[PDB]
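J.: Listed below, chain by chain, are the residues.
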Amino acid sequence: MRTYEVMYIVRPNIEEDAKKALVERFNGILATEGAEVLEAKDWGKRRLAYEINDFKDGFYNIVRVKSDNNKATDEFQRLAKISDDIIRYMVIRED
Amino acid sequence: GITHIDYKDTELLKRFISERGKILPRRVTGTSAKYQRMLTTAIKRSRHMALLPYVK
Amino acid sequence: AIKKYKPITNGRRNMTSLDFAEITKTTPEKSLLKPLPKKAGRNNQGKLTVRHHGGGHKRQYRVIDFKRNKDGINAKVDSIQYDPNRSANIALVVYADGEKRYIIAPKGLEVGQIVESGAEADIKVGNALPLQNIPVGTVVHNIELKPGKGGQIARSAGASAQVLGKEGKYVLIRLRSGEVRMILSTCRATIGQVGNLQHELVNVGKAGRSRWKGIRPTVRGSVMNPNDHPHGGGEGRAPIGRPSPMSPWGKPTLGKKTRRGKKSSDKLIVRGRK
Amino acid sequence: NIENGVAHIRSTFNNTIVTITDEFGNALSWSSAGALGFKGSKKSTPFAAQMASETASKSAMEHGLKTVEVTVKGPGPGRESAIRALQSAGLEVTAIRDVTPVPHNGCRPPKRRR
Amino acid sequence: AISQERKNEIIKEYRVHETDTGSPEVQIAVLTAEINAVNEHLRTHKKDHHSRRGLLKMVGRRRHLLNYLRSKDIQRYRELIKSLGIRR
RNA sequence: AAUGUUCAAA
RNA sequence: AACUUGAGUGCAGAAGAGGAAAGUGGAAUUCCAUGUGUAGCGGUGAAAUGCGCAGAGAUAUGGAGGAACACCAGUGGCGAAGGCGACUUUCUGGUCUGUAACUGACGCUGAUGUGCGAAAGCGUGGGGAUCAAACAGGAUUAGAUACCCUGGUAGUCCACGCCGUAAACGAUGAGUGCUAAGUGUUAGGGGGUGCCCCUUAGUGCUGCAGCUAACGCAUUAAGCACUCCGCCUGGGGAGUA
Ligand SMILES: [Mg+2]
Ligand SMILES: [Mg+2]
Ligand SMILES: [Mg+2]
Ligand SMILES: [Mg+2]
Ligand SMILES: [Mg+2]
Ligand SMILES: [Mg+2]
Ligand SMILES: [Mg+2]
Ligand SMILES: [Mg+2]
Ligand SMILES: [Mg+2]
Numbered sequence: 001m002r003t004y005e006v007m008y009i010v011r012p013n014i015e016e017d018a019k020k021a022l023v024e025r026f027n028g029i030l031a032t033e034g035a036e037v038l039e040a041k042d043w044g045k046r047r048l049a050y051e052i053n054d055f056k057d058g059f060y061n062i063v064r065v066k067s068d069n070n071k072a073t074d075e076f077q078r079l080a081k082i083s084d085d086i087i088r089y090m091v092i093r094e095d
Numbered sequence: 001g002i003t004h005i006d007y008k009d010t011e012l013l014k015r016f017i018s019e020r021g022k023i024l025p026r027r028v029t030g031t032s033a034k035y036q037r038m039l040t041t042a043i044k045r046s047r048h049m050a051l052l053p054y055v056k
Numbered sequence: 001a002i003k004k005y006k007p008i009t010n011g012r013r014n015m016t017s018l019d020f021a022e023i024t025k026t027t028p029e030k031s032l033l034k035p036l037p038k039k040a041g042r043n044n045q046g047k048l049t050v051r052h053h054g055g056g057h058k059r060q061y062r063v064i065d066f067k068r069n070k071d072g073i074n075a076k077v078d079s080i081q082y083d084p085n086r087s088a089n090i091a092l093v094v095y096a097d098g099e100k101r102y103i104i105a106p107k108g109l110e111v112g113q114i115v116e117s118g119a120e121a122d123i124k125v126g127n128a129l130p131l132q133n134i135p136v137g138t139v140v141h142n143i144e145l146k147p148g149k150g151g152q153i154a155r156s157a158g159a160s161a162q163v164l165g166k167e168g169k170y171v172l173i174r175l176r177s178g179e180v181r182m183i184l185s186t187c188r189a190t191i192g193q194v195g196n197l198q199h200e201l202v203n204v205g206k207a208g209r210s211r212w213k214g215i216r217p218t219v220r221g222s223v224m225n226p227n228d229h230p231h232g233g234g235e236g237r238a239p240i241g242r243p244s245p246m247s248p249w250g251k252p253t254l255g256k257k258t259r260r261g262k263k264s265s266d267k268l269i270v271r272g273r274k
Numbered sequence: 001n002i003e004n005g006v007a008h009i010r011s012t013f014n015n016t017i018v019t020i021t022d023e024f025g026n027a028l029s030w031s032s033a034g035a036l037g038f039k040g041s042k043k044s045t046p047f048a049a050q051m052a053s054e055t056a057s058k059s060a061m062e063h064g065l066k067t068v069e070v071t072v073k074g075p076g077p078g079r080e081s082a083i084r085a086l087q088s089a090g091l092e093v094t095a096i097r098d099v100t101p102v103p104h105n106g107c108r109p110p111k112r113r114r
Numbered sequence: 001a002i003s004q005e006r007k008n009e010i011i012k013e014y015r016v017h018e019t020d021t022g023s024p025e026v027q028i029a030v031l032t033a034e035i036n037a038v039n040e041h042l043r044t045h046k047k048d049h050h051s052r053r054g055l056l057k058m059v060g061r062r063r064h065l066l067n068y069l070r071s072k073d074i075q076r077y078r079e080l081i082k083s084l085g086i087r088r
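Protein chains in written order, with this note's numbering: chain X, 1 to 95; chain Z, 1 to 56; chain C, 1 to 274; chain D, 1 to 114; chain E, 1 to 88.
It should be emphasised that the hints constitute simulated quantities derived from the structure, not laboratory data. Please note: incorrect hints may appear among the correct ones.
As the list claims (entries may be wrong) - Here are the simulated DSS-like cross-link-like pairs (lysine-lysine), alpha carbons at most 25 angstroms apart as the crow flies:
#1 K12/E with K3/C
#2 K81/X with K100/C
#3 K22/Z with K41/X
#4 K4/C with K7/E
#5 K22/Z with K56/X
#6 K81/X with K22/Z
#7 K81/X with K124/C
#8 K81/X with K14/Z
#9 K56/X with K34/Z
#10 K45/X with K34/Z
#11 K166/C with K100/C
#12 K3/C with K47/E
#13 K56/X with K44/Z
#14 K45/X with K81/X
#15 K124/C with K71/X
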């Protein structure tokens, strides 16, 4: 009942099997109690408008998640920070 | 009459930032008031995911 | 929190004890208690080396581990138990093999699954895993110094160091007291902050509750007649006269850095206390 | 030392500094009003700028570069008379930049004079 | 606080079948539902203060309506207290 | 952007 | 006994820096690290104290740490008042419009009590980047304990607990009806063709009627009526014993 959109960046300096491994794990983290993933969009690499972490480029991912009990995305918000394949991320509600 | 604006909009906000990197006032641009409240809550979370820059 | 005592008796008047709230007191179980004789500061000869120790209450040593074995094998925290040896509390875990052993207690837990040596294990509270696997920014107690020994760093009540960053064979971890020290990259280090936080807020009040701990009373310098302490006896009271304060064995004691020159660690110290 | 340079000038109300460097920040020859004997608030005149850009610019003697590409620190009264007079050593100004550090309400300023 | 349909799970279960609420016996139920909706919230935010006068004001109106129904018959009041547990 | 005090009695 | 206009509850939608609890980011100041470099930077009316060849300030990269969130931003919005302005999430109060389905006067004001209550101050903790009482040094004057400059401790920062005052100010208590008009603006709702006029709620200006000592207030009254509470009775002495 709360349309959680999340979207995140992946570091450019990886190999592509790991790149299609992260999109498999983090869409299984959201798969706990309602995935509802209507788009796993690899809206691809651009030059982001400034510089972060000596990285001039990034790999975006756009994920839509619908849920009710709203426990699910906070597992992502804990577990995405501690790793370092994701330089920035957002979760934003919409109803 | 244009509908509501998210920060997935890549370039729709860029015509309303200045060439240097700051917002335009409503006096300068000439739209309504509510629309630019949606701008000021849109373009900032555009800056948080770096689709639009801080300073040129 | 602490509880405070209403002044009813002129010794009790300001005394504030520690109030045991989160304790789930089992009788401390038989398979780990190891007998500890007291010794009152007298070495293998029998003469007094360090002063100010003496008859406390008869304690009992509870063998806990720090060289955490058992990779990938879980544990359930049953109960939190009081310990008289150290200052932090202690916690009993039970492995899935069926073995019992104690660990020191992190900040918040009453049951749950924590694992050890978990090189692939999520960094929750109390979870323990080798050092280069930790991301930068977290806090950490119970740190090894030479690998495989059993930690000597941040075991007290409340203290927690934190990782500033990495090198590749070392890290740059900054301790509780303000130093910044390189440690070797493959070391166990239990995540979290060690519990029992209000331990220094106690205000023991009576003279006996330092004497029950086993702390015999000291005696100051400038009362002794001058063959036992360099601030010797003078007429009346007396200013200390000598151009610094001094120890009983004739060393200066007020602002004199003493560490043994080199001793093979100064290339690891980056920044001392300030 | 070969034929390059970015110009870092500042101009506060005291001692407008000119310092030209290479593509990195390596200090060919800095110059000031203070190396010249201006002390009684002629530390900052446009005439103090008139011997500012000269004695740094002409003191190249290793590069004598092709352009200057000024970066203007220091909002103060010696701005444009240090960039017109920079040309008097023959260095071909072609693009200017103005970088003064604007806070975003970071630290509270010192108190008002009286 | 209460949602729409949860309020619908509490409004219809007290009032007489008038098919139109807003009675001096249904407002007490939804007010108490709003109280213990919010009074559990004030346990975990003991720093908050702008929420608390919204609590205390509607406690005021509940004490008004439970001191209006006296003037009609007490037999509504007695078992109406006995079902939805208040004091007094 | 100054360095300048005072005026015995209604 | 009943009725419904007062006040409430339902229904649809509409906004908002209303609060409390976690998390993320950018500009900047300062202090450490190393490059290049050498004779001063900083300072005011003018100058000095302070820092500097043992390697400064200007500048290149990098690290650490705390504080506040430029542009939007506006007689703009929200709260009872103090106040609240980066961004996202979790919990949660309040008001506005239209609608008529219920309840049928359930309301107003409040003596004592009960609570919120800027800034400084205090207690036990932590945190300490810029500022910055006391104080220290240099000028200024006859003297300057000051205004000026270079430093700098408390404090300014967070949690828990007190203190409970201010030009806490529209210097204008609270509630409800009524008496010309223009004119901006914000949040809606209907009518007629991105535009033109109807009313509700706030919020700015100009203005008759009326009151006013005069300045001026004037549909947001200081006008015309009612209801309840707080307060004054010449200034000093005194918000003191
Ligand atoms: Mg004696
Ligand atoms: Mg002696
Ligand atoms: Mg004597
Ligand atoms: Mg002596
Ligand atoms: Mg304090
Ligand atoms: Mg000063
Ligand atoms: Mg005010
Ligand atoms: Mg007014
Ligand atoms: Mg009198």
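J.: Now, for every hint given, state plainly whether the structure supports it.
T.: Going through the hints against the structure:
Distance hint between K12/E and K3/C is unfulfilled; the C-alpha atoms sit about 49 angstroms from each other, more than 25 angstroms. Under the criterion of a C-alpha separation no larger than 25 angstroms, the hint pairing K81/X with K100/C is inconsistent with the structure, at around 34 angstroms. Taken as a hint, the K22/Z and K41/X pair is broken in the structure, with Cα atoms around 30 angstroms apart against an allowance of 25 angstroms. A distance of roughly 46 angstroms separates the Cα atoms of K4/C and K7/E; the hinted pair therefore is violated under the 25 angstroms criterion.
Distance hint between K22/Z and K56/X is fulfilled; the C-alpha atoms sit about 22 angstroms from each other, no more than 25 angstroms. This hinted pair does not check out: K81/X and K22/Z have alpha carbons roughly 30 angstroms apart, beyond 25 angstroms. For a cut-off of 25 angstroms, the pair hint linking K81/X to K124/C stands: about 13 angstroms separates their Cα positions. About 30 angstroms separates the Cα atoms of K81/X and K14/Z, which puts this hinted pair outside 25 angstroms; it is violated.
In summary, the hint linking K56/X to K34/Z is not supported, as the alpha carbons are separated by about 35 angstroms, beyond the 25 angstroms threshold. For the hint pairing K45/X with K34/Z, the CA-to-CA distance comes to about 34 angstroms; that exceeds 25 angstroms, so the pair is violated. Proximity of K166/C to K100/C is assessed by CA-CA distance (about 35 angstroms); at most 25 angstroms being required, the pair is judged violated. Our distance criterion of 25 angstroms between C-alpha atoms is met by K3/C and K47/E, whose separation comes to about 22 angstroms.
A hinted pair counts as satisfied when its Cα atoms are at most 25 angstroms apart, and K56/X with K44/Z qualifies at roughly 20 angstroms. With a CA separation close to 21 angstroms, the supplied pair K45/X and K81/X stays within the 25 angstroms bound. Proximity of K124/C to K71/X is assessed by CA-CA distance (about 17 angstroms); at most 25 angstroms being required, the pair is judged to hold.
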